[PDB]
Structures are given as C-alpha cells and as structure tokens.
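Undergrad: This is what each chain is made of:
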Amino acid sequence: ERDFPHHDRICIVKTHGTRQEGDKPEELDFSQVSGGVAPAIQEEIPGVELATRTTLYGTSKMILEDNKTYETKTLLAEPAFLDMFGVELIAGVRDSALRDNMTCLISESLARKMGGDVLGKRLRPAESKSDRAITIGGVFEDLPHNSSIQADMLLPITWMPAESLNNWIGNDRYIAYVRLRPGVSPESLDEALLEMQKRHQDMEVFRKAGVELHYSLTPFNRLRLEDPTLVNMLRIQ
Amino acid sequence: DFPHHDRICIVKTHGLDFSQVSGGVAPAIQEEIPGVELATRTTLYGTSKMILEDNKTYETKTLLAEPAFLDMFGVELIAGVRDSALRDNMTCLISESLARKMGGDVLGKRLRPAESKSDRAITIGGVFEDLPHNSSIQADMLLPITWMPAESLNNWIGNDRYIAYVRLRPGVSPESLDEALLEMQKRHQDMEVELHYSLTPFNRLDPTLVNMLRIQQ
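Protein chains in written order, with UniProt numbering: chain A, 46 to 65, 68 to 284; chain B, 48 to 62, 75 to 251, 258 to 270, 274 to 285.
Check the hints yourself; a few may be wrong.
Unchecked claim - Pairs of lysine-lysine residues, derived as DSBU-like cross-links and limited to a Cα-Cα distance of at most 35 Å, are as follows:
1. B/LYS245 - A/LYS115
2. A/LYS71 - B/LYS59
3. A/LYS176 - B/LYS120
4. A/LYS176 - A/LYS59
Simulated from the structure, these hints should not be mistaken for lab results.
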C-alpha cells in the first residue's frame, strides 16, 4: 500500500484544554475541530503548504438506479482531499471532482460491487421518496487499507450548512489535515495558532462554561488496523 | 424569545430518534389532540438565487411556512397586510434585512428564480421583522407551504422533511400526550423498526443525508 504524498509532513489539528457544578476539572483532548479552522489555517498560518477538512457521515444505504441497494460509507471532502492524499481517478474528470453538490465519487471496489460502468449513474438514499438523485461523477482508486481514512463514497463538504463550515465554537466534527513546508516544526506554530484563534473565536462563550482550549498540530499517523478476527483475516489470506 | 416559548414543543420520532416529520402530522395534531393550543408546520427550501425585477440577483434562504407561522413565532410585519400573508402561492414575504439589501420599498415587486427560463414571478407581499439571530429558525424569504404537492403535504409515510411545532396549553406536559399521539398514529398510518411520535420542548439553540440532499442546489 501506498504512502500518501509528503506523508512525513502531514499533521492533524488537535485541541487541548480544560473544563470545569459538583464535578472535578476535566482535561480536554480532541482530535477533531470546528468547520472554520482548516481554511483559516491555510490562509493565515505561515509555513503551511496546504490545509483541508473532512467530516465523516458514516454508513447508510443507497439505491442505484431505483433497483439495488448498497451499504456505503460516506465521507464529505474538499477537492483538495484528492491532492492531499494522492487520490487518482480511474474514471471521470479530475478537475470537476467534488465541486458540484449533486455529484459524488465512488471507490473502485464499490463500483465493482455495483456491477461496473457506473459513471453517470444515479444514486439516492434508500428511504427517499423523491426523484432527486446524486450523479456519479468519478471513480477513485481505493484508499489505502488499515488506515483511519475510510470512504466508499465522497461528497462535497459544501453539503454542510454554511454555519457549520464557518463555525469556531463546538460541533467539533471535522478533521483538519495540514501539510507543512519542509523544515517547519509543528510546535513552532503554536503561537500563530493562538493568534488565529483569538481573531476568529468568541472567547466569552467558553469562559461562561469555564473552558479554555487551544489548537496544536500533531504529526499524522494513519494506522488503524482492521479488526483482526480470524474471520476477517481468513478472507484476505 | 418567541411568545409562550416555554410552552412550545417540536414533534420527535422515536424507535433511533428524529426531529422532523411527514407532512400530515401537524394538522392532525392540532385537530385531534387535547391540550394543544396551536400547531404548525414548515419545511426548509434552502439557499438559492432570486432575481429582482429582471435585474440584480440575491442569495436567499427560503423557508416554506403557514400563516400560523407568524403567530407561533410572534413575527411582525413591517410592511404589508398580515391577513394576506402567505395565503397566495404566488406571493412571498421578505425579511427586513433582505429588503434593505434590495434597496428598499420592495412591496409589490417581482422575483424570479435565477435559473428559471420562464417569466412567471413571485410577488413580494410583505416584509417581516428579522427572526432572532440565535435561533434554529432562519429565513430570508417565506413562501407558502402549499407550494408542496398534496402528496407531500398529506403524507404520513416517509418524506419527513417537515418540522412540526406545537404550543401546549398551560399545565399540559409533553409526556402526557404520548398516548393520544399513538392513537393518532394508528388512525392515520397503517403500522404494518417501530416508530412513535412524542413532544419535546423546543430549544431554539445533526443532519441526515436525506436532509442535506433535499436542500442542495
């Protein structure tokens, strides 16, 4: 399995801090962030080559062309996801990818399960009573296995409400990936991150809840092994 | 805060829990359930571009609503006739902020969906005072819920794109109504996962894939 491009230089944004009505003080440790953070980092923080955001929808059922039903794991992503993770399309137009809200990308395995030749076909949620549908605009090479980044289907992040995308308080449902330029240590950026946080985040809301937190970059280790049961393991020997 | 905000609930579904319902629920609740002062329904259209008098284009968050929406949420009309509001499918109400953005004096002007090749138009029948900022309820433009087809509106199964708001009478607990709701459900939907209606207090302060898909442009 491939390494991601420049993998030695990819970090994720973590959040650390403390909270506090009868209950003892809590140390806060998050691996996900509010929507607003990733774009701001790319714009504002020196030494950042690229930043991008994802949010996992999860697994749900999709019906293809009004017939067969497929369980699909859906991830919401930016066009930059393709660059950040070196994702190549087997079919469809790369420039187009993940720009139109009514279109999706499907993994090579999923396309195969669907019977192949899926480009241009239409998908909708299994329980939908509408003829509105999502069009398959591309097919992407399966993402590396035994990795934290997992998706059967990719949809544009713009599906999310503008309020979420621009949020700095709570709703920490996004993973923010940051690629640094060579020679930049993640730790060096703590102060700038703070400056950025102060610019965008109303701090009042936190003090009211007795919360202090801050962001820091940590190197990204993708490894997440598939649950190693005999049943799982046997299937791939 | 909305009027009697302490007594406002929304309809949730329980089996798995959801805060939206099929089109038919709200009217039935008002009709058949004792302890209920008022009930109304809305569905979010989404954000789209509207063209004003064949000139400038404005991005507009659009919400479909009933006239009772004005009562339930205490919405004052800055301009136009309240009694007329949201009666006619071919008219809309516009927020003060949008009206201002639009250069003002917008009463009677005509709007068309940008991407539309027809010349049919919606007319601005009123301007409403901006809704509270902190709320889950947001709209630049209000359109009559009767834009939706009968098949949607009267439906009890699926297509749960509606938010149903209920104002209880004083001294009635939400919990108290679970039984009457169940009776209501049996009458309206043949029951043949288990799903049931319940009321939870509305807190003006998590999208499903179907929900998101519906409002995408």
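Undergrad: Taking the earlier hints as the rules, which of them does this structure contradict?
TA: Hint 4 alone not satisfied by this model.
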